[PDB]
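**Student:** Residues per chain are reported as follows:
Protein chains: 4
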Amino acid sequence: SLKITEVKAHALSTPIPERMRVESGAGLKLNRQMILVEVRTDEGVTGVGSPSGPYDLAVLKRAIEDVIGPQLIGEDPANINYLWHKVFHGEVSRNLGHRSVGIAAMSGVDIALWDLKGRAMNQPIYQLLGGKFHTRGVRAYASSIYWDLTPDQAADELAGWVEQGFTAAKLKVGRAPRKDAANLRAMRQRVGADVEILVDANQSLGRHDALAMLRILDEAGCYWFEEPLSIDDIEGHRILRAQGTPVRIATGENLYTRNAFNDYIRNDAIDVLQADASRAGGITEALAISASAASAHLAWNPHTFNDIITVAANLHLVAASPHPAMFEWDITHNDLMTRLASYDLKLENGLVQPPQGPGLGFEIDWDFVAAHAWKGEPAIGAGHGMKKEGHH
Amino acid sequence: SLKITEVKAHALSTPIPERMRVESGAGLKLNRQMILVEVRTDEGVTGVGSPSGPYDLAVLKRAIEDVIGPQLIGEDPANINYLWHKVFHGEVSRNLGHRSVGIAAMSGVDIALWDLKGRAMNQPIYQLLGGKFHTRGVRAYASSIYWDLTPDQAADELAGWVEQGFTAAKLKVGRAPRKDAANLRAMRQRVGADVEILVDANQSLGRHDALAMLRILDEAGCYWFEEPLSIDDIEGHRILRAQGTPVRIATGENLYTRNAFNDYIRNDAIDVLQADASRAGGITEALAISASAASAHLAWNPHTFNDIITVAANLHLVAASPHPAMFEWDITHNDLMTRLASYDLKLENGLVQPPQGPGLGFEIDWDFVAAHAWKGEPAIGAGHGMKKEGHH
Amino acid sequence: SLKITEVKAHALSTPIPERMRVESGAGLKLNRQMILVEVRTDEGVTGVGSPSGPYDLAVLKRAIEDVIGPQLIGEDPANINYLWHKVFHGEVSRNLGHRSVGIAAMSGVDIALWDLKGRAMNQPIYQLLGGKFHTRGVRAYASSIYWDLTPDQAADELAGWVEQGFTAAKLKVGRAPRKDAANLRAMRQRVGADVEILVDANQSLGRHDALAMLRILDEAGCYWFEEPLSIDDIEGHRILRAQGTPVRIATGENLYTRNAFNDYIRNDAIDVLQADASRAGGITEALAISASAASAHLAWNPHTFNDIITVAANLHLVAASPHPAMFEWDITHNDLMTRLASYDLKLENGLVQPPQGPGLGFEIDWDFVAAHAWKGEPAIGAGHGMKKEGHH
Amino acid sequence: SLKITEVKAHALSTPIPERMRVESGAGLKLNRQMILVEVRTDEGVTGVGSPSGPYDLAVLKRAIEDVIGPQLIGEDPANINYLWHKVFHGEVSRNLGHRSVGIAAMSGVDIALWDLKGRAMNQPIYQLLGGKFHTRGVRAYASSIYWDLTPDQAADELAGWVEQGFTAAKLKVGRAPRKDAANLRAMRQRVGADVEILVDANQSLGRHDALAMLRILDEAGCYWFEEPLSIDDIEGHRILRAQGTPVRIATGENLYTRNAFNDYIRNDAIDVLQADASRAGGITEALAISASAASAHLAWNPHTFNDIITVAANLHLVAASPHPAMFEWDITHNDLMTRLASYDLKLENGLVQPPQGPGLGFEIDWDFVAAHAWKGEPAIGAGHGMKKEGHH
Ligand code: NA
Ligand code: NA
Ligand code: NA
Ligand code: NA
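Chains as they are written, first to last, in the entry's author numbering: chain B, 2 to 393; chain A, 2 to 393; chain B', 2 to 393; chain A', 2 to 393. A prime marks a further copy of an entry chain.
If you are wondering where the hints come from, they were derived from the structure by calculation, not from laboratory data. The reader is advised that the hints may include incorrect statements.
Any copy, or any two copies together, can satisfy a pair, since identical chains are not distinguished.
To be verified - Pairs of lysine-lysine residues, derived as DSS-like cross-links and limited to a Cα-Cα distance of at most 27 Å, are as follows:
#1 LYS4 <-> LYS388
#2 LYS180 <-> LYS4
#3 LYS9 <-> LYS133
#4 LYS9 <-> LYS376
#5 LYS9 <-> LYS180
#6 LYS388 <-> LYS30
#7 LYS389 <-> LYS30
#8 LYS133 <-> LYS389
#9 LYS376 <-> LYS30
#10 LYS87 <-> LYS4
#11 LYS9 <-> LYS389
#12 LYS9 <-> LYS87
#13 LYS388 <-> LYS180
Using the sequences provided together with the hints, build the complete structure.
**Tutor:** Here you go:
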């Protein structure tokens with residue numbers, strides 16, 4: 002058996018041209034960043050992973066290398082189930098907080114342990130997980146069409162993504178609801194009924210404006226309403242789902258561990274769980290959340306937005322899971338989607354395929370890694386939520 | 002008006018001699034640590050605070066100085082309410098996690114803003130909060146009698162705290178429930194019926210063993226059962242409360258913001274909310290939680306255990322609030338309770354009094370701060386939770 | 002420390018020209034009255050307050066000077082939290098009734114204690130409360146457009162208030178629902194979508210007519226439906242909220258203490274709590290109600306309508322609270338809004354600012370006080386509610 | 002038809018010798034007071050009533066004569082149902098508070114209208130109400146055995162009331178629950194199983210101590226637990242009822258109108274409604290509450306404690322109602338029970354009989370009324386409630 006010898010966290014940053022920066026309720030994007038986790042062993046088998054973002058890269062590096070890492074040195078990396086609980090109970094729940102950047106830090110390390118296990122077996126992760134459910138491929142959506150567009154501009158962007166071969170795309174809303182509505186109406190008129198239109202408010206609305214928005218999403222035939230309210234208001238999400246519309250209420254990028262999703266389920270407050278393998282606790286935890294969603298006759302469609310590793314880790318689980326695919330694919334300017342690894346966007350009839358090599362299924366460009374060390378750049382400007390909080 | 006010029010986080014560690022290290026379900030105590038936050042202004046008015054612990058000091062320093070602090074520089078510190086929400090929505094919820102060490106970091110900065118405001122006004126914080134409710138004083142309990150004791154030892158430690166003037170004390174339980182029960186029985190036999198006995202399992206029990214323990218606490222007339230289960234299992238806390246015993250179900254040191262407490266209230270799952278002003282979001286947040294507890298006809302009795310600043314911040318609010326007092330006082334070896342500041346334990350008829358000077362009400366020994374810089378020492382050993390999780 | 006030496010209640014009345022008298026379901030206004038509470042101390046620091054109205058001025062004076070006052074003489078006014086509970090439990094709940102004009106009488110005295118504390122500290126009340134949340138200013142609405150208008154008249158009045166610089170206003174309804182509906186439709190057509198239109202039925206409707214009204218308010222995009230039903234029918238308010246419209250169900254001017262609002266919250270029966278610091282128990286109690294509203298992800302927007310002191314006391318708390326501002330400003334003929342104190346209406350971009358002096362933040366014109374002593378004038382004609390009760 | 006010409010409120014006080022003053026959670030009794038209401042008509046037919054107490058006599062006199070009375074002058078007193086609602090909607094709900102000393106004032110005037118109507122018809126009130134249900138008589142209990150007793154004293158006071166002919170009596174509890182329990186145990190031991198023992202805590206306990214006390218009341222076979230908690234905590238009363246003991250949960254002397262009782266019924270929170278016809282709204286209102294209790298399969302057993310008019314008004318209704326009788330009879334020193342009127346205690350086989358003359362059924366000693374004008378004496382010392390609130 003192997004022994005883990007080191008847990009490393011490489012802070013990386015890549016720039017975005019000013020005119021390509023986009024804004025949602027999460028804030029104005031400034032640089033696309035990540036931590037590349039590397040777990041090394043005594044026989045030279047290495048796994049890599051990512052704890053998503055944006056968080057703060059110094060906080061993630063310290064958590065991974067100095068809080069979680071020590072609990073792993075000397076251990077057999079094959080016992081990923083044991084190591085997840087050893088780290089959660091030993092340190093991270095109490096000492097970084099139970100719904101925290103520490104859970105995202107664990108997620109990066111858990112993805113690297115799964116990558117390491119697939120490489121040790123010479124199999125792609127989806128094969129360990131029981132092989133494909135989606136044998137034809139996984140239906141993707143273009144993420145996303147951002148704020149600051151007129152309705153003809155939002156419809157032209159959607160149409161462009163449809164032309165590139167997507168069959169679905171997502172619009173960010175929440176700052177100017179009359180304008181969001183006009184964007185949706187123009188987008189639906191442009192593409193017709195077979196392209197799916199998803200909407201994401203990044204927690205920017207209150208309950209009454211979310212109810213008014215849901216009526217427009219229902220009229221426009223939208224597939225889901227993501228983060229319509231603060232993730233802290235579970236009853237508001239039940240109220241939106243209780244309207245009985247065909248529009249799914251979706252959340253989960255900012256909820257952590259299966260415990261959060263069980264509280265939404267128990268309160269009849271969710272249709273689509275969006276737990277991200279790279280944020281909500283790892284592949285090990287997202288596996289459990291996907292199964293709990295199916296048990297409650299709901300769907301799991303992860304958030305995937307940060308880098309090609311968070312995309313690939315979720316894509317292995319989505320391909321192996323019995324849920325309808327609605328697979329998030331970042332189409333914004335992001336070198337971590339094109340230059341870190343050899344696995345790229347390739348759509349055929351609106352579907353992507355999981356990488357096919359061992360582990361996550363591709364190799365890292367270590368020369369790109371070495372050239373993009375973080376030097377203190379910010380990832381994202383201040384996020385929103387003060388308006389709906391009540392600040393004029 | 003003032004302008005904030007700097008937000009500083011001094012990482013401090015103080016040792017614990019091997020024989021004086023106690024152990025609970027949170028793990029074996031190794032060093033008593035803190036961050037001393039210092040908010041400076043252009044006119045030289047400084048506030049100090051603490052984000053409690055144990056949490057990793059490098060993660061707290063980076064959150065405070067580099068994630069929170071940039072949102073404060075140049076702002077008028079007098080608008081604490083605005084700054085709390087600017088920091089929560091602009092950075093901490095999304096980018097450090099909504100129930101996280103980022104919320105503890107906010108709490109330490111929020112305490113420092115209150116301390117600065119009281120120093121600016123020449124008033125102790127409790128006067129700003131509407132003055133005392135507890136005009137005679139605040140009833141304290143000795144925290145705690147720990148694991149590894151025989152029944153006669155636990156009874157002798159209790160009688161010792163009684164002899165010192167305490168009218169209540171807390172026993173830690175959860176590793177060996179037959180021994181815990183024998184300790185309680187001996188303790189109650191020793192002191193009779195008017196001394197209150199609190200029990201705290203630090204999340205170390207499952208539901209069935211906590212149901213079995215609650216029968217013993219009811220027979221022993223215990224005042225509350227603290228952290229009986231994982232903070233993640235709200236329904237199990239409802240099940241214990243639904244037994245209708247006179248023993249209060251209490252939790253809150255590891256729950257964050259008023260949102261977590263509202264979920265417990267809405268599920269009939271809590272009698273005593275223990276949100277700590279230095280962990281759950283600040284004096285600003287704990288004020289809202291104390292009022293929400295009173296509206297639901299429940300009580301707020303905070304966790305206070307880390308240092309004399311986390312003690313004092315909560316004591317100002319406790320003194321001002323209309324709850325029965327059951328005020329946590331750490332009686333374990335802790336130089337952060339004796340040597341940081343000029344306020345100490347002074348028990349009279351079982352009661353303590355809040356500091357009376359401006360702000361938090363005492364000044365810091367900055368020679369003590371300079372002599373105890375953290376050098377990478379760990380605060381606490383690995384916590385427990387794997388046993389009840391299922392690891393034999 | 003100070004000692005309270007006297008609690009005085011000055012009964013005042015000011016006239017309204019016949020043609021400027023307006024009617025709502027509360028009755029036809031006849032004279033704008035108040036009690037000016039004055040709390041004096043042994044060192045000459047005085048606080049002033051008001052217990053709102055209309056009540057009966059002799060009942061309020063007797064309650065303040067002879068029921069509540071005796072409990073305060075000799076006490077340190079700094080312990081406002083203690084004094085509130087001393088008076089509630091000692092006398093007012095049992096001996097004036099738990100939801101009563103005695104709670105309003107306590108509120109006047111509690112505002113004066115807060116004014117006294119701000120003056121003693123040389124700070125505006127909002128600073129004690131943690132400073133501003135609304136750092137830009139507080140969005141006001143013009144209260145109100147009354148009964149007896151045709152639709153073109155109601156739209157002309159709204160348009161006039163918009164011209165004066167309000168961005169919102171409230172219409173009184175409930176006597177002739179077809180006419181109220183026509184008024185709303187004309188008002189919305191006149192101003193377009195960005196001005197907020199609020200509706201207040203002063204308890205004048207039953208459940209089925211309130212359901213029919215809510216449909217028209219939803220069509221007209223109204224911000225809230227205030228006192229749609231008797232305050233005694235909590236289930237009727239749940240039924241209106243359960244329709245799931247974007248129109249908030251609002252009540253609270255005639256509900257007392259946080260206990261009333263907890264019963265609405267627990268029954269899913271309210272969106273906007275309108276507890277008035279000068280009626281529902283004081284600044285101390287409205288602080289607790291504002292925080293309980295936020296904890297339940299609802300809003301607190303006080304009723305403020307009586308005099309410039311009830312306006313200012315609420316405005317200090319609104320400015321410091323994290324709720325959307327929708328701040329009631331009496332625009333009817335009322336000398337107690339223009340001549341009692343130096344703080345006046347001043348709108349900039351639809352917002353008001355809190356007074357900036359110590360305490361409530363302005364000085365009283367004691368020569369105006371001395372010239373407007375009550376001489377037995379009525380404040381308000383008989384109120385309504387017999388029609389919906391069933392009287393043809 | 003008649004026309005009302007005057008509504009008068011005679012403020013009366015009668016002393017209590019120091020040794021005969023008893024104390025409960027409502028406070029230490031000092032003077033037994035009342036308002037004797039007198040409604041006069043143009044043909045000289047007068048009705049009398051009482052709004053119970055203790056409530057401040059100047060507040061009651063002003064409410065009666067100057068707020069309620071002007072709505073009655075010139076009206077036909079025969080339309081009691083119309084006048085009740087005219088007064089509630091026209092003035093008292095809004096302008097004195099919906100659960101208030103204004104509702105007690107209404108009750109005293111409503112009693113006088115019933116008394117006038119019975120005198121006009123030459124019939125006792127119970128005949129108007131459909132005659133007797135309790136054709137044999139009404140089972141009374143001795144109210145009460147108070148604080149400050151040893152167990153042998155409380156047992157001897159109980160056995161004394163038994164020797165006088167009572168088959169039931171009430172013990173006041175709440176200051177020292179170990180002593181209360183010892184008093185009960187001694188009392189039950191003394192009288193055996195057929196004498197009913199009632200317990201009344203006058204809102205002086207929190208939920209956990211009331212749960213502990215309810216176990217003792219169940220062991221002692223007690224008939225009811227009255228005002229176990231604040232009247233403001235409906236959910237705590239549900240919790241006590243949900244224990245499923247044979248001990249009835251009873252409250253109502255400090256709850257107003259049928260709306261308060263409907264909220265307790267709808268929350269499964271009451272077994273015995275104690276609305277007093279002289280406090281909760283009148284004979285008119287208590288008739289509706291008694292019927293609402295019977296529809297829910299619960300009981301109405303009113304509080305009656307203030308004077309022989311509050312006694313007699315409730316006894317007419319009790320005699321006519323199909324509830325088990327447990328009729329409160331004040332056995333404490335009270336000249337308002339012996340010297341106001343010609344009806345007194347006459348116990349036969351444990352039962353009393355309602356007065357048999359017109360109206361309330363007796364005439365007033367108007368020389369006694371003229372000799373006991375109130376001169377500003379207090380009725381009751383400060384009540385209790387600060388202890389359970391949390392003041393040590
Ligand atoms: Na999203
Ligand atoms: Na604890
Ligand atoms: Na109103
Ligand atoms: Na009673």
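**Student:** Take the hints in turn and mark each one as holding or not.
**Tutor:** Hints, verified against the model:
Proximity of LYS4 and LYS388 under a CA criterion of 27 Å is satisfied inter-copy only: 24 Å between copies versus 51 Å inside one chain copy. Taking CA atoms no more than 27 Å apart as the test, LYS180 paired with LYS4 passes in neither setting, with 56 Å inside one copy and 38 Å between copies. With identical chains, the CA atoms of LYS9 and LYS133 are at most 27 Å apart between copies only, with a shortest distance of 24 Å across copies and 31 Å within one. Taking CA atoms no more than 27 Å apart as the test, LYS9 paired with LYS376 passes in both settings, with 17 Å inside one copy and 21 Å between copies.
Within a single copy, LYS9 and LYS180 get their C-alpha atoms no closer than 45 Å, and across copies no closer than 42 Å, so neither meets the 27 Å cut-off. Taking CA atoms no more than 27 Å apart as the test, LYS388 paired with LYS30 passes inside one copy only; the shortest distance there is 19 Å, against 37 Å between copies. Taking CA atoms no more than 27 Å apart as the test, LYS389 paired with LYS30 passes inside one copy only; the shortest distance there is 21 Å, against 36 Å between copies. Only between protomers do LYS133 and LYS389 lie at most 27 Å apart by alpha-carbon distance; the minimum there is 17 Å, versus 42 Å within a single protomer.
Only within a single protomer do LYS376 and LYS30 lie at most 27 Å apart by alpha-carbon distance; the minimum there is 17 Å, versus 36 Å between protomers. Within a single copy, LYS87 and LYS4 get their C-alpha atoms as close as 16 Å, which meets the 27 Å cut-off; across copies the closest is 40 Å, which misses it. Taking CA atoms no more than 27 Å apart as the test, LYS9 paired with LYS389 passes in neither setting, with 40 Å inside one copy and 31 Å between copies. Taking the shortest alpha-carbon separations for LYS9 and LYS87, only the intra-copy value of 19 Å comes in at or below 27 Å, while the best inter-copy value is 33 Å.
In this assembly of identical chains, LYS388 and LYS180 lie within 27 Å of each other by CA distance solely inside one copy; the values are 16 Å within and 35 Å between copies.
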